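*Asks:* Residue-level listing of the chains:
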Amino acid sequence: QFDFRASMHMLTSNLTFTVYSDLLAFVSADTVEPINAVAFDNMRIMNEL
Amino acid sequence: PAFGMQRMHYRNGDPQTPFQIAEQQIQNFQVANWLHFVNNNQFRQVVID
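Residue numbers (our numbering), protein chains in the order written: chain B, 12 to 60; chain P, 87 to 135.
Chain P with its partners taken away, still in its complex shape:
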């Protein structure tokens, strides 16, 4: 709604999350970049001590 885009018709069980679709469909760099970070923000498995 902020960017005037049609409401996302998201299918339950879609392989992609809503943020992953929005990342491709959002042309604003800041919003898209934050969306990309949220999509790829993961824990790092590391052996410590």
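Looking at chain B on its own, in the form it has when it is part of the complex:
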């Protein structure tokens, strides 16, 4: 039997939010001057004149 009162449920959710797809879209990245780019040893990657 269909019992209307017993079949009533209060479904709960968030009132509203926004979903984002590409996080790196919000990051703007640049590089230092390549002449001054350093390696893991804190020295410039290339050093020849």
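Derived by calculation from the structure, the hints in this document are not laboratory data.
Beta carbons are placed, not taken as given, at the ideal position from N, Cα and C, and that holds for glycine.
Among the clues, some could well be false.
[Stated by the list, open to error] What follows is a set of in silico ranges between Cβ atoms, one per label pair, in the way DEER data are often shown:
| no. | chain 1 | residue 1 | chain 2 | residue 2 | range |
| --- | --- | --- | --- | --- | --- |
| 1 | P | 89 | B | 42 | 38 to 48 Å |
| 2 | P | 94 | B | 56 | 11 to 21 Å |
| 3 | P | 96 | B | 43 | 20 to 30 Å |
| 4 | P | 97 | B | 30 | 47 to 57 Å |
| 5 | B | 59 | P | 111 | 17 to 27 Å |
| 6 | B | 42 | P | 134 | 49 to 59 Å |
| 7 | B | 35 | P | 110 | 47 to 57 Å |
| 8 | B | 54 | P | 110 | 17 to 27 Å |
| 9 | P | 129 | B | 53 | 28 to 38 Å |
On the provided structure of chain B, position chain P as indicated by the hints.
*Replies:* What follows is chain P alone, placed relative to chain B:
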């Protein structure tokens, strides 16, 4: 190459000039002495007249 030494791996921006490094690394007295003179050859500031 004359003295059979490995090619100098000089870093751009080194505090010392190539001649200053060679002066320490060259065991020949004549070449090293000429290198030392070139390294220290400077103008003399003097008030004249």
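*Asks:* Against each hint, give a clear statement of whether it holds in the structure.
*Replies:* Cross-check of the supplied hints:
1. In this structure the supplied range 38 to 48 Å holds for residue 89(P) paired with residue 42(B), their Cβ-Cβ distance being about 41 Å.
2. Roughly 19 Å separates the CB atoms of residue 94(P) and residue 56(B), a value that falls within the hinted 11 to 21 Å.
3. In this structure the supplied range 20 to 30 Å holds for residue 96(P) paired with residue 43(B), their Cβ-Cβ distance being about 23 Å.
4. About 51 Å separates the C-beta atoms of residue 97(P) and residue 30(B), a value consistent with the hinted range of 47 to 57 Å.
5. In this structure the supplied range 17 to 27 Å holds for residue 59(B) paired with residue 111(P), their Cβ-Cβ distance being about 19 Å.
6. Here the CB-CB span from residue 42(B) to residue 134(P) is close to 53 Å, well matched to the stated 49 to 59 Å.
7. Remark: the range hint 47 to 57 Å for residue 35(B) to residue 110(P) is upheld by a beta-carbon distance near 50 Å.
8. Checked against the hint of 17 to 27 Å, the C-beta distance between residue 54(B) and residue 110(P) comes to roughly 21 Å, which is consistent with it.
9. Restraint check, residue 129(P) to residue 53(B): a C-beta distance of roughly 37 Å satisfies the suggested window 28 to 38 Å.
Checked against the numbered hints above, the structure violates none of them.
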